[PDB]
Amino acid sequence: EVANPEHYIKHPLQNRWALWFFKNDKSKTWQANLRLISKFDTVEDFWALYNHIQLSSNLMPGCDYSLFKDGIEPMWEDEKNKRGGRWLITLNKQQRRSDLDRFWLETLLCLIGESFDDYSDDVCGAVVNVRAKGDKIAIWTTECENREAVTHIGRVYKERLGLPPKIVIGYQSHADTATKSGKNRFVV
């Protein structure tokens, strides 16, 4: 007889996730300021990383966190991002104190817990931008033409964030973001 797995085994995540940090430095390229922190693939290792790092509300404005599937870089130019896009949450200045950390934590949970069911494979990762004019949180998906998947993810995400029907959140493709000034392909 061997030991019972339940008593000593870590709780495996469906995917391995990598956490990235971005710090704004004017002298360098956008890419150069993007850096890997750390990867994990269990619930326990998720918490070990989360619990020792700064809350987003405490980061210096100009900085980002990004949680992305191992092997997917948190940039448009990644193979899995190029034809993709993002569900974007736009937060006003007061929401840094009330919602930012709550919404970001909920987003991580949606990611690592695979809350998107059949469409988990469409999810690339998520990004929180800490910015003076207003913080942003976003889930990145792989294909902006996948209307069924993109739309399912939006709906799940909104309800998990607990946002009411009056709050309209949009999905833009990265190709549009990269190449145009600030329309939504979908709303939720």
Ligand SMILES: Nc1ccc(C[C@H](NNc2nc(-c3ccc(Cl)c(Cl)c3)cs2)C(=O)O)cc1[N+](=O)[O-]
Given for the second form:
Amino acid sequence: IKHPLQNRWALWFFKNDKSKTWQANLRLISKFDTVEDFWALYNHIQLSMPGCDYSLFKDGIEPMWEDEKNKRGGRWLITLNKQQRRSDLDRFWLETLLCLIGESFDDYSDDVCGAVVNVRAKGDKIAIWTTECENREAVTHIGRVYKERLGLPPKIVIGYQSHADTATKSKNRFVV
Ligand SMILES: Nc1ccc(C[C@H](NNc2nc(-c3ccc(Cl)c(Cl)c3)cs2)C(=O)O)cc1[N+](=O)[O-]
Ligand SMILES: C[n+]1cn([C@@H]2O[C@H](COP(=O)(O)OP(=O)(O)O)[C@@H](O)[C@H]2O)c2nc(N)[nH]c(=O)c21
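Given the form deposited without the named molecule above, produce the structure of the same protein in the form deposited with the named molecule bound.
Expanding to the full complex; the earlier chain stays at the top.
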């Protein structure tokens, strides 16, 4: 009676706490693998924050660089301005979630690991994480479709960063 998704997904929370090492602040909330259970979760949280993150990742992949499926990967990063938290954040996040659970990138959705939203005073961020940063055709395909899906204007780019680079930041591998 329920409608299965192609993948099982897990929702993670992150609570900012500078007094603790980063991994200590991560919390696995719940998992789902049907359309019905996705909306049940989404609707519940909408009815029910700064410094914190939400992450939706395929089952078995933790939302961190250290994970085997993220180690060699990277992310398409969308940076919002401060006004867009009110206007665009919720729309962008839901549209991103639907890209994930609806496998919107066709054959290349296999490269998708998950998505993360950072709530930050400096400007909120939404990102789609993929598994191999050197996989140009997959990465660029995901970027092009994702940018279009969120309705972003052509000339202004979004960037793809390697996690290996982000982890050693003291730069983009791709733009779309
Ligand atoms: N790392 C960490 C450390 C401490 C806490 C506890 C705490 N807040 N917990 C909270 N849970 C929800 C919450 C959860 C699930 C659903 Cl379904 C809904 Cl509707 C709301 C909102 S607020 C606090 O403020 O100290 C939390 C975390 N963490 O990462 O989640
Ligand atoms: C995604 N991520 C973030 N951090 C740590 O979290 C810090 C901030 O990460 P951020 O919250 O993504 O960026 P922000 O500066 O806008 O808040 C980074 O300097 C990293 O040290 C991370 N640390 C580990 N070990 N693994 C991760 O996946 C990871």
